[PDB]
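Student: Here is how the chains run, residue by residue.
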Amino acid sequence: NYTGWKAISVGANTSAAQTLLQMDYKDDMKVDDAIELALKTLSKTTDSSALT
Amino acid sequence: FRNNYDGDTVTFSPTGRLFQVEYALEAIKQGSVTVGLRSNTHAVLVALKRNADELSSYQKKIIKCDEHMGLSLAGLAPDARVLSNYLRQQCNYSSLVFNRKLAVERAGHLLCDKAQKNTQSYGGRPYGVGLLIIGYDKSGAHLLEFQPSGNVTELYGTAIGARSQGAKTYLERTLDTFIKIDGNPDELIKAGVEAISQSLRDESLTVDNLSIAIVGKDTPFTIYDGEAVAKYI
Amino acid sequence: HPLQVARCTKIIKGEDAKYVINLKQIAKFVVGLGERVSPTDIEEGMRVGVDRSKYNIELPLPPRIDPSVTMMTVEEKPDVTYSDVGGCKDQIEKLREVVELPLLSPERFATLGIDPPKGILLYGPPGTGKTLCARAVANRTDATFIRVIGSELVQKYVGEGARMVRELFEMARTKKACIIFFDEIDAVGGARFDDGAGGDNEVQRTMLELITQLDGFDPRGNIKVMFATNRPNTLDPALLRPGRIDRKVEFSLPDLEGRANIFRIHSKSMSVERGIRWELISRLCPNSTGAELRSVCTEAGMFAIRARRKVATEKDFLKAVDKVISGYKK
Amino acid sequence: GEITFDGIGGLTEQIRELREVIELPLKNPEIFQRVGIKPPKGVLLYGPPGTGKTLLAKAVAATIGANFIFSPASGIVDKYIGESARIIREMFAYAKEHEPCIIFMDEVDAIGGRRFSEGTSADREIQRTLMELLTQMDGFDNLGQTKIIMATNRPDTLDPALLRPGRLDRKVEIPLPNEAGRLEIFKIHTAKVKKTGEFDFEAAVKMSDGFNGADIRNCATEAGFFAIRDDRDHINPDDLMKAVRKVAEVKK
Amino acid sequence: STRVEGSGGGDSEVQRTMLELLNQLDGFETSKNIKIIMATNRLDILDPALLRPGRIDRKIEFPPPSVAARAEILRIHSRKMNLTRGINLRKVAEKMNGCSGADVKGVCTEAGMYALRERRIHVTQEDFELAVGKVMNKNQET
Amino acid sequence: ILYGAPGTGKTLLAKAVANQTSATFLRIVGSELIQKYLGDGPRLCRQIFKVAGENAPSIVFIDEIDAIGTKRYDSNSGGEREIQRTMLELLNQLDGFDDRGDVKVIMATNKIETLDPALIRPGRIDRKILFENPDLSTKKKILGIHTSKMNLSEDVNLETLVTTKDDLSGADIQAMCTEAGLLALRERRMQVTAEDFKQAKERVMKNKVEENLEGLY
Amino acid sequence: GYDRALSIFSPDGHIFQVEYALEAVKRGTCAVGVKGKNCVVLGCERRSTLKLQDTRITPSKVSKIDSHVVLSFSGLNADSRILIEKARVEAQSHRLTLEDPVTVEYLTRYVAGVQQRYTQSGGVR
Amino acid sequence: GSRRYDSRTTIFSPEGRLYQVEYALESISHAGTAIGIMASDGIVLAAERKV
Amino acid sequence: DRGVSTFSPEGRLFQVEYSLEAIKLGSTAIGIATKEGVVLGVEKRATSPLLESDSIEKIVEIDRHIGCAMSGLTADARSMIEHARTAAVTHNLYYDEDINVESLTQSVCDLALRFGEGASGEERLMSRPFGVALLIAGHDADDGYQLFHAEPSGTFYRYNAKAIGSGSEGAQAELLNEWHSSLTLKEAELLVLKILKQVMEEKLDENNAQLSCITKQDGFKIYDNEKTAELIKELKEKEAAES
Amino acid sequence: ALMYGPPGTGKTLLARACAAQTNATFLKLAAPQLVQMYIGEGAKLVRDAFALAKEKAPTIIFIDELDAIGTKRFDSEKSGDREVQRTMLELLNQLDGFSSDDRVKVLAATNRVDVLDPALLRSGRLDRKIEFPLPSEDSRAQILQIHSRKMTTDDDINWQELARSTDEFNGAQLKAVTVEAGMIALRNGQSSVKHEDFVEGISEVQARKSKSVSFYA
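Residue numbers (UniProt numbering), protein chains in the order written: chain X, 156 to 207; chain P, 2 to 234; chain S, 95 to 108, 141 to 456; chain B, 176 to 427; chain A, 255 to 396; chain D, 220 to 436; chain G, 3 to 127; chain Z, 2 to 52; chain V, 9 to 251; chain E, 218 to 434.
Treat the hints with care, as some may be off.
Partial list, derived from the structure: chain P residues whose beta carbon lies under 10 Å from chain Z [what the hints assert, rightly or not]:
(1) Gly8
(2) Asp9
(3) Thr12
(4) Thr16
(5) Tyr123
(6) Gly124
Listed below are the simulated DSS-like cross-link pairs for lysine-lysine, each with C-alpha atoms no more than 27 Å apart in a straight line [said to hold, decoys possible]:
(7) E:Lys411 x S:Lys220
(8) P:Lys169 x E:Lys411
(9) S:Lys180 x S:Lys244
(10) S:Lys244 x S:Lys374
(11) D:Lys427 x G:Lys63
(12) X:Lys161 x G:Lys63
(13) E:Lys428 x E:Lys392
(14) S:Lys449 x D:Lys255
(15) S:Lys374 x D:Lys290
(16) B:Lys369 x E:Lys346
(17) D:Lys330 x B:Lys254
(18) S:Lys456 x D:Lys290
These aren't lab readings, by the way, just hints derived from the structure by calculation. All residues carry an ideal CB built from backbone N, CA and C; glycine is no exception.
For reference, chain X alone in the conformation it holds in the complex:
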């Protein structure tokens, strides 16, 4: 089964990442605005001192 999406996550922690994505999503984002967004989401699903 396949679907198309505007933001999705697969593998571990699908629920957490998807929830955040739906909220900050826009359609006037640029590459650099997305990267920033992406990098926030990844942070909030990983628990660390730092991510390298």
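Dock chains P, S, B, A, D, G, Z, V and E against the given chain X, drawing on the hints supplied.
Tutor: Okay, now just chains P, S, B, A, D, G, Z, V and E, sitting in the frame of chain X:
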């Protein structure tokens, strides 16, 4: 236990019989009775045609396979059909190729191999059918008993199908009379209708849906049906 | 005079003059070694007697006459002769050969050399047609039917149990030409691992008493004993062995023709149209015990009131089948 | 013991090394105290039962004049609080009172063993029993004039705690005897049975390979069926040959 | 903290018994402000009917701890402790990952044990980091 | 027979009906008789039937007959003989009692293939009543009663609440009301918005629906 | 192996695989067709609460088999694609050999045969 | 025999999807993350490296 | 579950018996053979008021003088129906003449056994045999009108009447008394429907029955619905005037 | 002594027959009654038998079945099946204690023996191995000749025929057959049994004779 030697064609017993052979022997009995007797110049099959429904119409269950060969069945009818199918093909290939007319023993041996290949894979199976094959070749008259167990003996007399033991005991007694009577049909046919009536004990005998089949020196393969069995009841 | 334990609270003398039977695990009083010759007496205290189990002491004053040592239901020449007995043909034929014909002609079985089955064991769905079938053969020969409830034989007192079994077999010998029908035989118990599990002592007393009485001195030519079981695999080895159980009969389910007849029998009470056919209901009905057929019949009437008519059409019978058979889920 | 320790002879190696581990600390606790080493703790018999296994256990006890005490391990399985504790302790207490004594514990896979995986299915009853054995041995309590002897069909089946020294220091194996070994055992066995001068020890020994004490005993009794048959009151070469061949045939 | 991993029949049989009482109280008595606290984190072998209103009327989820929270729990407990000045507690907390409230109590008692071993009443930040790493290993076992 | 879960299905209907008929409701817990000594289940069954005949009209509610309700296939090899005995005493009294309106029996149980086909006894137990999750209309009624008792906003509707429901039990709806009022009382106020009931509903549904399966594909 | 007993009758006469198939249908989306007598309307549900997708990257409910033949389904996505591919090969082969734009019934006969096929005979589920 | 050493699990569950397939999904949810973001001037992909 | 080589005590595989049970749960099909015609009736069955008539197959043509009625599953009979058309077409190509009723039947039933990974000069590859029995009627110049009952177990019986269904009990017993050597084609159709209405629990109508017959007058003719209704209406009068 | 081979050949009758003749006490112990789910119980039962055996002497301790308690394993999984293992072991331990004696006899029967040990080949234990192989045709005619001795006959029976037609039939099976042969004779009107009655008993099902006209028209 059951599941060790049932469906499993690759197994053995210290005794050498599996469950699949004993069921096959029982299946022969659940067909109708058919008796065999022969001299040395003729071979006869007397077989009872008894319908298994009220509305059902009588149809031949002795099948002529060649000019000098046929069989009657007792047991499972699909199982009987495939073998008859292979044997008619086999009959042709010998006649075209080697001009060879089969003796019963030769066919038999072929028959054992066929069953044997299907008892060496789970996807094939053993059968559930005995056959009495008559034929007249140049070694005289013959009657053979074929078994799914691959035991083939050529006999003077036998019976297979239900209630074999009536007929066997009569057949072993009138043995000595019948084998020395050569060139005379009518006595051996009549004696076959008497034999089969000792197999029956509680099941009808039909005076126009008995079917007798004969082969011999002076008889090419004829099945007497309807009227023409009358003068041998 | 019921007593199943008899204190007399330190009436004291002595040789002797206490003469008190207590049968209770705590305190074992044996007055053994054969005779004490007495006119009436052990000792005093409203309670001269020798409990339910006797430590010698050959029976002064009535201690083991106790008001209910019977409570089972006897029906001589039963009401049932055909009730739920349609399509039970294989079962019914067996009962004819086993029971009916030696009762009808005792002389023929004697001359032959054979014994008709001493005991029969009946398994399969129980009382759905089973008890009925048994009552049907019995009525035909005019043979007393004795129906004993396994569960009652479970009294919580000493021997109380050995008391009941004994009198049941005594009754069988008096009224002989008769069938003792035991529904349950796992109520009074068969094989188990729970004899070491510290209670079922009362049970064990009953079981052994039963075996002894039957094989021992019950004639088994006309008197038939029929056993019924819920697990066929839980028999005790004494029970199993030939000389006590011979015939093992299957319950046979009503067949298509049979269910239609039972449908006619039960609707005679109901107030329904007689122009319909029973046959019709049966084709939609799959393999059902006598109990289920009866359940169709009470349900077609509830349907009939629901559909707002005081007769049941074919159509209520069809609905009534659909409802009970799905509901049943066995 | 039922028999002495030199009348079962042809198990002689196993006799020899049971004798110096078990008998000597019981008789002479003083030598082990004086050196300053521990008296021995536990001894293990392993191999099939009746290879002369039972003989060796009965026989070490006779010579000491110990009491041999056979304990059924399952019975050590009461389903009540501390009953299980109670029983082990009492044997140990009695072993010291009635000293010297052999406490012989048969099968250590109804109160010990390695189980299914040592989880909980009713494998805690078994775990409680083993724990008790291990705590007394390792602890302040000890074995001195209580000797404990474990018996097991095959030794690999036993917990590795039991396989440590300080539970079982001595671990004896019971193999199939030598031809020399068979020879010594047969001469003893056939001696106590009355027989004719024309009996041939030499012939039977030659026919016998892989025979335990039990197998020699069978050859005497089998011959004896033929000897009632041949109408005698004593065992003869004719009875002996037949008997020896039959016992051979039935087994490898 | 009182774990026992539910039960299918040893503490499901007992809850049935409990469940009659709670039913009887909602009836004629009509008694409330009489409380039962259950807590469990599995219910794939515990009965749902307990969680139905009548018995348990509110079902509240425990929050997961965070780095910001672990720092607070540590801040309260260390207050009794004698510390070496210049210490930074947010740093020690951040070095925690996953740690629940009991684990935070372990960090102070181990930090102190390390100090004790060296015969110090004051504990540096460094001992506290080493203590947290030990505590993380404890949660990984079984 | 009432099938489903109690407190929401089996318990409610059985309490309700007794009150309507003005009969004595007797709840016995089946399992608890599940006593661990041979012989005492059968006494206990006797006392149930004894009280009934003395004190009719009555509804006999036997809760959860699946510990004493067993009937096995054995009594050897880990087979326990008491359990089966008790099941049989229970059955024989039940079949001994028959009425037109002195006793109606309500059972609770969630497997019928642990029970004897003579404890069903076809021609006694005709009826098989089972709980489901309610319809839109009946859900409308369950909501309607519960909001009567609230003080609430008028932005809340029964209609709005129905559409986001996927069919739930009445117990979830009750639970939703208690959870919702608790967020309103926490905000210190007695008005319960459409948003409050919606937060509460989502949350319990989530805690119950621990297993999940994609059904749309 | 896998050329046998995927599919056989019970003695109750249910087929395992067919019985678990009908269950995937009840679970999935909803499709309905109502006929006029000079029109046919096909209405479809596509059900998603998650709003982070478009219709133009989520497959359509009505797929064209031909310009004048349409197909609707309910069930697994994966399986339906297999069936759709056969129906397009059968439209164009028919047009080729009989030289008639397609009859809709014949196309049903082809999709239905495949469906019969993997049930009756093993080596496919 | 060996015709009964077949796992028979690539047949349907009653749950509307094959045993092995549903179980396999779990396996995915226990391995690395991939995240896909589609933007209006790119597509951004991030994945966290397992070990 | 169950092996393709695992028999019952009687020689008969599990799987074979099990097909035969599902047959009996289908729809009722009744055929009566005389020497004036063979009449075939079936219940077509409407599964809903919105199921269209004559889109469900119960009367099929194998050839223009040869029919079959089915009972069991309808898709399972399709593999058989295909094989039966093919056999008919081929024999006519080769020999420019008609297939005999028997011959036709044998050809389908040889390939209804099969199953398993077996072979012996027969290719067997099925997972199951077919779940369907069919009553195969034809007329051939030699033997005239005949009726044959095909079991998918590779078994075949010659018949002069047979009924199958869940309505089999009433219909075979009725058929024995009703049977005669010749009787008119119009009396026969009317009489078939009479038997059908009896074993049917509901009102018999033409929106759940289709009739058919085979003639030497004009070959296989499906006796259609409009014409059949007018006979059902007569049925109501004749039947409530014996009552 | 040890007995092996299929039961119902008359093993149980021989055990009793030997007991009656020597003037020994038959003590029948069924091996699955000893197998308790409770601790140590069977072991105690095994010991109680031997002890009473010595007071009651001479005695044959007849243990019907030794296949239920024969299981003793060789693995480490013995824990679970301790109970069966202990009973088997218990009997060998006690037996071996003496050997000048034979005023208790132990007789065991096994469906077929499966293990062998030095334990199970020692004198004073189970030395003796007597095998019961399925009986012959000649043997069946004599066992049959016994059953019909009680019967009244017309002296028209022929034993030979019937005996060759049966196939590895046992003593029990043959007895039942004589009773069926008499019932048939009752049905025919006869009050005596001839050969045909027996032949007809063979015809009814025994997994090698059957009657029908199926798969044949």
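Student: Hint by hint, which ones does the structure fall short of?
Tutor: Hints 4, 9, 11, 14 and 17 contradicted; others consistent.
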